[PDB]
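A.B. asks: Listed below are the residues making up each chain.
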Amino acid sequence: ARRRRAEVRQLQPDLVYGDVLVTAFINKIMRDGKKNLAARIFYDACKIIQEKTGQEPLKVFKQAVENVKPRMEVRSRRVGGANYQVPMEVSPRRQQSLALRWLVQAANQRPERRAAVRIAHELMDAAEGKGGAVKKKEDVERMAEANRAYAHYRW
Amino acid sequence: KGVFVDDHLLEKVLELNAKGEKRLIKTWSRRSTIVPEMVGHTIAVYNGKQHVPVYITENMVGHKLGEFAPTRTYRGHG
Amino acid sequence: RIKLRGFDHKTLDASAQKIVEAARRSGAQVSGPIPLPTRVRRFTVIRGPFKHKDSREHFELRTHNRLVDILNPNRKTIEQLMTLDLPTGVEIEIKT
Amino acid sequence: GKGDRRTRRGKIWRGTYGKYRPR
Amino acid sequence: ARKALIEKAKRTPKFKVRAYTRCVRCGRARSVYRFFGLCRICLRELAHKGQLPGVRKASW
Amino acid sequence: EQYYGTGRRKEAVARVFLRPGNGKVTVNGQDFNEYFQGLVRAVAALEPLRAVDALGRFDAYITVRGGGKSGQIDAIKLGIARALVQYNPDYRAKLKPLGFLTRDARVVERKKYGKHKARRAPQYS
Amino acid sequence: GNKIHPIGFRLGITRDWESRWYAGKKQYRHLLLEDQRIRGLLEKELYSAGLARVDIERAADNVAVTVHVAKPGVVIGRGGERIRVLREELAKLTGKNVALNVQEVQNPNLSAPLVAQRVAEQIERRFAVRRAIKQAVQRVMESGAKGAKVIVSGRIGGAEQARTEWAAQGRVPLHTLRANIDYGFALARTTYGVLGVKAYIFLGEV
RNA sequence: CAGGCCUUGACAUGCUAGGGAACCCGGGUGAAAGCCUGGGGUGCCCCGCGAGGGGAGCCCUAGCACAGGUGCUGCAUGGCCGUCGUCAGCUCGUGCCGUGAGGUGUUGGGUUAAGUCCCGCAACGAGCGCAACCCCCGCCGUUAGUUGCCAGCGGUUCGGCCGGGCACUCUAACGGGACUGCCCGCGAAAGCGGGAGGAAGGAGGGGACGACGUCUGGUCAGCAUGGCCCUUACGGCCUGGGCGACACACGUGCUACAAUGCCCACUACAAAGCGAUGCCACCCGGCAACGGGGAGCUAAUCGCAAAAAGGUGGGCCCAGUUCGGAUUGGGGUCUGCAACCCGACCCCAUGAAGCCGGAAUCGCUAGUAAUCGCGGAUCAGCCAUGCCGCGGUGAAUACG
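Residue numbers (UniProt numbering), protein chains in the order written: chain A, 2 to 156; chain B, 7 to 84; chain C, 5 to 100; chain D, 2 to 24; chain E, 2 to 61; chain F, 2 to 126; chain G, 2 to 207.
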């Protein structure tokens, strides 16, 4: 996309809750294409959002997204002969991808036995303020603003 | 079932050991299997350049001919 | 069962409407042109004489099968189709 | 997996049978 | 060793393993297509001249 | 008696008969839920029944051949979105605007000579 | 090297095969082995005549052995003399019922392989090679042509440094499939090495 | 390469002296080659009852004119391929400016993927190039039905099995269709944004096709080819070795380091092809590789054939492990004359590294990458993890 704007693909809803952001997390839970295995691990762990802390698997997910989505990020740019990390607002589309991705990583790293077990846990804790993706979101955000010295070094 | 020894050598062999056990049979048959009559002789086997002799014993009966006169010269590297 | 083999279809499809058209005028009652799934043999070849594995090309051998049946046989049917229009490259077959 | 012959996945990749994958 | 070689493929010798596909217009030992009787470069230049019965250049 | 819809999607063949009534579903001689067990893309081509509210206007008989499990599924999606615009040619309204018509030419590509799997190019220096 | 053979491109797009027959797994190599054998006898002792193509057809021990040619007499002689002793030498190896044939070439100055082995013979004759390519091309447009193109490759005139001589008055759109262009190649072996010679006649669309 | 042989040779044409021819079987030896050697006996055009003959296939010896050489030279070559580079270029004709090299066109403003088109202009045309015609796929039809089919009825031993039928599915030929053609927006035009209808819109996806040329690119070892050089050897046959050697060094890859995993049972859903001294249904024997017996197919009707993943539900429980399959020992099979060097396949046992990798680096934009199995070629067999294909599940992201 030197030329064009690089087409943003919509996703399907998910047959189970009809949510285009539930397909977007399951795709990032995916591995080797084996999506049938990618989909259990949600509803395997959605069930773990329901068993433990009896609530709403629909809504604990959708909060855990907004509880890891970073409004300010820093990317390094070259000026003078310097490597200044530039303060910038990470766009909403970048957010979705950013939110979901840390959410898989932080979860995969967890010391729990089954995959979904972690997945649920993380989602729970993200909305609760204390996850692994939630550190990373604050890390980037306060990495920015620590760098507001480079705010007009933004495009 | 199946054991292979050329039979140009086992012809001499069962003619040599029979007609007074000598030794020193030169051959180009390392494909043969050292059948148990060969026991106690001296076959000069061809590795490609040289006819390395072997003193045949019991310690190696069901064994082949060409393991017993290796084709390659090693000694070392350095 | 008049199993018509061949390489070229346009020559093979002029004579399988020939023993189709002509036996109907000479008896009864011509099974229309049936086309079997063509059996393909390919040849992928290193274009250059030497090394150049990166660059090759694709050649294929398309030998398309064609069957056609005669329903009510008759005489004059195998004597109208005893002497038949060729072409230089078409395969025949007789059965019943 | 596919290099451990003495199992199911090992014979398949290989194109073989025996005990751990029979016919 | 080359021509006296191609003669040696024409005369089956001591065993049935010992035969191989040499070539005809090529004296070529390798990449011998036995259906065609032709040796990958034999094959290709005659495929372009059309001296090969209904052998198309693919494209799919 | 029936309503018929031709379905394909990437080397798949799904022949449907929207024989009216309750809503029970057989493909290749068993309940949709028996054949398509495990699969979560398996709920499904019954979704075109959700674009014209007709979960309770049609049982189904289907025959299917080709591709795979979830590749057959998208065939019946063209096979159920066609068997409804056939019944009521005024029901493509909320079918093509809802995008359940058409047939996806999203086919697996010819492997290229040189590139190890169509495009996955060899590693170089 | 980077160009496709303008013929093998059109084998069923414009032009056509020169052993137009059928076979399979059992007998494919042997009738075809014969074809080249046929072409060896027929490309030798049918040279000093013309000869631009050989269309060959098979049946069930009926090999048709048809010649395209510039001058027919050098195939049949007088009364019928040579076309019969050619239908005596060929129908020996071919093992079957031959049929040594002739069809006369409507202006051999539009047949490209003729356009070729003419101009390349003029190389072994040690002529002005350059002026021959301008010549042989010139002739062909002069006798009904939409385009032509000739290329001479090697010790041009003999000179140690290996050149590529080149000429093309008139359109030749090789990138087209419905382009109808005849092509042939001529091999002028000289006092100093082998020279390549090409031929490319745009005959019209389709 | 080592050892043992043959000289007009393994092959060609031709001429000459003696046999003589064909052709099939031995004997002796030798690793094999080769060497020496004991048998039968030639149609034919033939004076001819005959002795016997002439000539001629095919053979031998001798002697040549010659062969043969993967020996050298890819800067003496052809041809073919690699490459920049699917990149948008590179040129002529005449006219014109310039003493000339040369320029002008082809540059510029606008737009495409593009020298894509539009407009301007000392320029006006023209070619090779892009595109188009070709294939494949995606929608629909005509033609056609021993492949499909209770979609339809009957019968169904219940296998589309019989009838019976072409509507399907499928097969494979010819056709149809997209044209910025219709509207809206803007633009001098071309053209861009957006709309509808449409199976698919703006090259719909891929293939094939790759300009004048460049790299004194690559191949004399596919082949041919100028020359140099070797002609009881740089020819040639043969047996055995080497091409597989191992202190190390780098490229492409395979399988991993596990639990989104492995293991075991059982259960589903492809596509492309290939199948006669072949694919081998099915029984019997074997833990098995395999070994018997044995049915069918010139193959849309028999066979390879299992797809795998997946799904079900049980085993494992974080263990260098039921992770991982190296190594070695032993017993086995199959191909093949022959598996010491050097084959694969099988059974048991041995179960090493490796707990995700420094500096560095490669691939890929949608059905792509990832992941999974299947064929084919060459091939007796095989050292394929390679290559050329095929389809199954199926993403991530693109401010610039």
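Hints listed in this document are in silico derivations from the structure and should not be mistaken for laboratory results.
Misleading hints may appear alongside valid ones.
Pair ranges (Cβ atoms, derived) [what the hints assert, rightly or not]: (1) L90/C - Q28/G: 18 to 28 Å; (2) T165/G - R51/C: 17 to 27 Å; (3) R72/A - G57/F: 32 to 42 Å; (4) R12/E - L188/G: 25 to 35 Å; (5) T87/C - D60/F: 52 to 62 Å; (6) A106/F - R9/D: 36 to 46 Å; (7) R179/G - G57/F: 56 to 66 Å.
Don't be surprised by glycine CBs; every beta carbon is placed ideally from N, CA and C.
A.B. asks: If a hint holds in the structure, say so; if it doesn't, say that too.
C.D. replies: Okay, the hints, checked on the actual structure:
no.	hint	verdict
1	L90/C - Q28/G: 18 to 28 Å	19 Å, holds
2	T165/G - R51/C: 17 to 27 Å	21 Å, holds
3	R72/A - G57/F: 32 to 42 Å	47 Å, violated
4	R12/E - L188/G: 25 to 35 Å	32 Å, holds
5	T87/C - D60/F: 52 to 62 Å	60 Å, holds
6	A106/F - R9/D: 36 to 46 Å	37 Å, holds
7	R179/G - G57/F: 56 to 66 Å	58 Å, holds
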